[PDB]
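With chain B fixed as given, assemble chain A onto it according to the hints.
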Amino acid sequence: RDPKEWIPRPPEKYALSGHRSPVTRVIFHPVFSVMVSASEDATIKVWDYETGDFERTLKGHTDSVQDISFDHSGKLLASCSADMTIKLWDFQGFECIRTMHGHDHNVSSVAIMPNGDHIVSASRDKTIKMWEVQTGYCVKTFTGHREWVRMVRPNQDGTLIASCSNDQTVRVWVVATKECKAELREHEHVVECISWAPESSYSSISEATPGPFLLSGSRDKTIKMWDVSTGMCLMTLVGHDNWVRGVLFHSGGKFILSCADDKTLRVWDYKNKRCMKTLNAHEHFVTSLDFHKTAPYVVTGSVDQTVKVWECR
Amino acid sequence: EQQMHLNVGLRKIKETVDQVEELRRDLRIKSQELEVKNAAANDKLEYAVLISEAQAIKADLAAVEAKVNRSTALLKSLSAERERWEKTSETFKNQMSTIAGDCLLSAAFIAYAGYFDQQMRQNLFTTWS
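First to last, the protein sequences are chains B and A. Quick note on numbering: the first sequence equals residues 89 to 297, 307 to 410 in the authors' numbering. Quick note on numbering: the second sequence equals residues 3196 to 3240, 3450 to 3533 in the authors' numbering.
Please note that a few of the clues may not be correct.
Below, simulated DSSO-like cross-link-like pairs (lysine-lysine); rule was C-alpha separation at most 27 angstroms, straight line [as the list claims (entries may be wrong)]: (1) A:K3497 - B:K228; (2) A:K3209 - B:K147; (3) B:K269 - B:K228; (4) B:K269 - B:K92; (5) B:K374 - B:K351; (6) A:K3207 - B:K214; (7) A:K3209 - B:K214; (8) B:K147 - A:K3491; (9) A:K3497 - B:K214; (10) B:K147 - A:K3207.
Negatives, chain A to chain B, calculated, CB over 12 angstroms [stated by the list, open to error]: (11) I3208; (12) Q3214; (13) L3222; (14) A3236; (15) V3453; (16) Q3459; (17) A3463; (18) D3464; (19) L3478; (20) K3480; (21) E3487; (22) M3524; (23) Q3526.
Which residues of chain A face chain B? A partial, calculated answer using Cβ under 8 angstroms [as the list claims (entries may be wrong)]: (24) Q3198; (25) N3202; (26) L3205.
Treat the hints as calculated values from the structure; they're not laboratory data. The beta carbon of each residue, even a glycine, is placed where N, CA and C say it ideally should be.
Here chain B stands alone, though its shape is the one from the complex:
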């Protein structure tokens, strides 16, 4: 079968355990068959998800890490933590390259735009900072957020940077022009997670309710979707019974896999605007989820010190 329809099935393919803390974020490697997990014990763990084998542990951050981000080459790894530091890791060398200072609070997010030159950083200090990767200097600064900027993601072309914050706003900016192109204020609660829409979804969203489009999930048990060019909420998924912690598109651009704090991993289609399958993944709060582009595997990182890998079928 094609990668288009892939929905995970119970039970888990693997139940990786060995973290001494809640798991905050899990992502796949773009080319290799290995995955990297981030947890609150300041240990960035590397696990082979095909065989369920623990590979390695990178310990450079002296406080709990929040978000980890690869690059599309898979060589550089950007990691953010609450020690006022960001760390750049050589993935082929498995050692740190540089450490970034300048944030005055918990660095709640980190990302790399597809141009392969800089680093985004959203933090608790109501600002976003731009970091030069090769030199190691803080260049630019998005300012205008009024609360805890939760998590940040750049667009697939590298010209739009969107960030959710605790002030019930989704703010989409251009990278160099430093203006808020879209200050979306429709969510009732803190928006905790966004997900940039892929190209194949750009048609599928447009016939559900061109581009660019953006997802967001908040603590009001709702997942809203927005047109960036117009600036309004087109569609909203309700059916979670707690805080939506991570919202994620399908790689083919039809389904949306989203995890929420009510022990639910629910798949949603905007054609029917409902939840077709709900999965009871863990025994506690589920923080983050990730789905591979070419492989039929969904990894799920949760508070219960276990990371669960589920085969998509």
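Quick look at chain A alone, frame taken from chain B:
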């Protein structure tokens, strides 16, 4: 790994302050509500029911107060760590910046000056410094 122990240890001692600060305001809330029940018992002077009820409040007030004074010594004993754990937390930015200076002086002393005498090792270290 020395700062991994400091950051977790200084986080939990602020929770112990928070556990004390939860107990302190709840102590005086139950203390002032005890005297209202003590004044309401004399208003009725059901009287035997309120006597056993107010004795349960005072015993629970003792359990709160004994928890407070146990924690107050625990606040007092662990604070002497905090008047040096926080100082080594400030020193972490200082002592990370001088690793490259100190490891240059240390690796030069440990791979080069192993043959020479004390005066010559001191002269080499003075020249490198």
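Which numbered hints turn out to be false for this structure?
4, 26
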